[PDB]
Amino acid sequence: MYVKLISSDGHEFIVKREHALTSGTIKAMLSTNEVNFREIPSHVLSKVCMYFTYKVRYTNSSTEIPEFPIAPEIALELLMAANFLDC
Amino acid sequence: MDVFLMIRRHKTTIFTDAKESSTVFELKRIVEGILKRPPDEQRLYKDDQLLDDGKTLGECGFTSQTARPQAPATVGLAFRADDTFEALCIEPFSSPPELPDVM
Amino acid sequence: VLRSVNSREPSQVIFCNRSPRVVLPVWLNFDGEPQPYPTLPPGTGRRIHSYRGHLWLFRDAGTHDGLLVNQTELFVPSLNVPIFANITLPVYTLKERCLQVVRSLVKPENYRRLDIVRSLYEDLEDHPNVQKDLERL
Ligand SMILES: COC(=O)c1cc2occc2[nH]1
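Residue numbers (the authors' numbering), protein chains in the order written: chain B, 17 to 47, 57 to 112; chain A, 1 to 103; chain C, 62 to 142, 146 to 201.
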């Protein structure tokens with residue numbers, strides 16, 4: 017049902033299992058209901074979780090899709106995480 | 001309409017959605033399924049305001065257009081250890097580093 | 062291969078920019094060469110005289126990020142029973161979206177001055193372009 021994603025600084029993010037398996041990397045780390062990310066801090070991993078929600082909500086919707094916001098101060102680390110998770 | 005939430009306590013953050021018409025108590029039932037603590041051991045907050053079990057999320061100001069998938073609204077959560085409720089504490093996420101000179 | 066058909070049958074169309082980007086409409090001419098048309102501000106529309114079987118795609122005018130039109134990549138005017149061309153943001157991958165934000169902040173000369181794995185250098189430099197997108201036949 018839910019899985020726990022733990023950031024490098026110890027924040028625990030609990031997201032729906034279906035949303036987490038969007039990432040092929042997470043699917044492999046799970047297959057446990059818990060994944061530790063030694064390299065991804067909480068200000069990045071929280072944004073990753075909001076991307077999951079946004080993606081699931083707006084994929085295959087013929088309404089108007091809003092832009093996914095990314096503050097400049099986190100963009101570089103978010104890019105690294107997205108590159109690693111293939112997100 | 002769906003509202004998208006982060007339910008936060010200490011260093012725990014639950015990402016979930018709920019209906020604007022669903023109640024605060026029904027959200028505690030969601031928290032219960034996840035963190036295994038019954039509703040009577042939970043207090044839910046909007047900022048510093050304690051939320052009443054019978055109110056709907058919409059009445060408490062969680063609306064589909066503010067509690068968005070890409071920018072969810074925060075619900076604070078506090079547990080009763082046995083007697084008395086802990087104070088509401090939410091640990092902030094980490095701080096981003098300084099913007100590199102090229103930016 | 063990706064070529065407008067010279068039907069000479071008029072087809073009236075409305076470009077409707079339902080995105081937050083300034084939109085560059087691109088007509089693929091009879092030789093397959095992309096032809097740019099006047100840009101559309103966000104949330105604005107325009108009535109266009111086109112032809113059945115012609116081929117159009119749509120891009121962010123500043124960055125050439127790909128956009129969707131009626132939920133696909135190409136728009137082909139059909140028989141007027146005007147045709148609505150709803151231009152929208154795709155759901156970008158998180159990676160592509162981050163590349164978009166980083167490109168908007170860092171000068172292309174300075175991509176190599178960023179502390180990231182080298183494969184991300186090439187991703188940043190491999191910016192979107194209709195010319196690459198047209199190849200996939
Ligand atoms: C602050 O560090 C990060 O955001 C980060 C995550 C990750 O994964 C592979 C490399 C890498 N860097």
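Check before you lean on any hint, since a few could be wrong.
Derived DEER-like restraints, expressed as beta-carbon distance ranges [as the list claims (entries may be wrong)]: (1) C:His191 - B:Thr88: 27 to 33 Å; (2) A:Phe25 - B:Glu59: 27 to 33 Å; (3) A:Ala71 - C:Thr124: 36 to 42 Å; (4) C:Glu134 - A:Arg80: 52 to 58 Å; (5) B:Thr84 - C:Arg200: 19 to 25 Å; (6) B:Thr41 - C:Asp92: 41 to 47 Å; (7) C:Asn193 - B:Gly40: 26 to 32 Å; (8) C:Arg200 - B:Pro94: 40 to 46 Å; (9) C:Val83 - B:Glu98: 21 to 27 Å.
Under 7 Å between C-beta atoms, here's a sample of chain C residues computed to sit facing chain B [to be verified]: (10) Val83; (11) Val87; (12) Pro97; (13) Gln132; (14) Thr133; (15) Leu135; (16) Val137; (17) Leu153; (18) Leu158; (19) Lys159; (20) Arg161; (21) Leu169; (22) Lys171; (23) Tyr175.
Read the hints as simulated data drawn from the structure, not as lab findings. Idealized CB from N, CA, C, for every residue including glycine.
Inset, instruction - Mind listing which of the numbered hints don't hold for this structure, in increasing order? - result: 3, 8, 10, 11, 12, 14, 15, 16, 22 and 23
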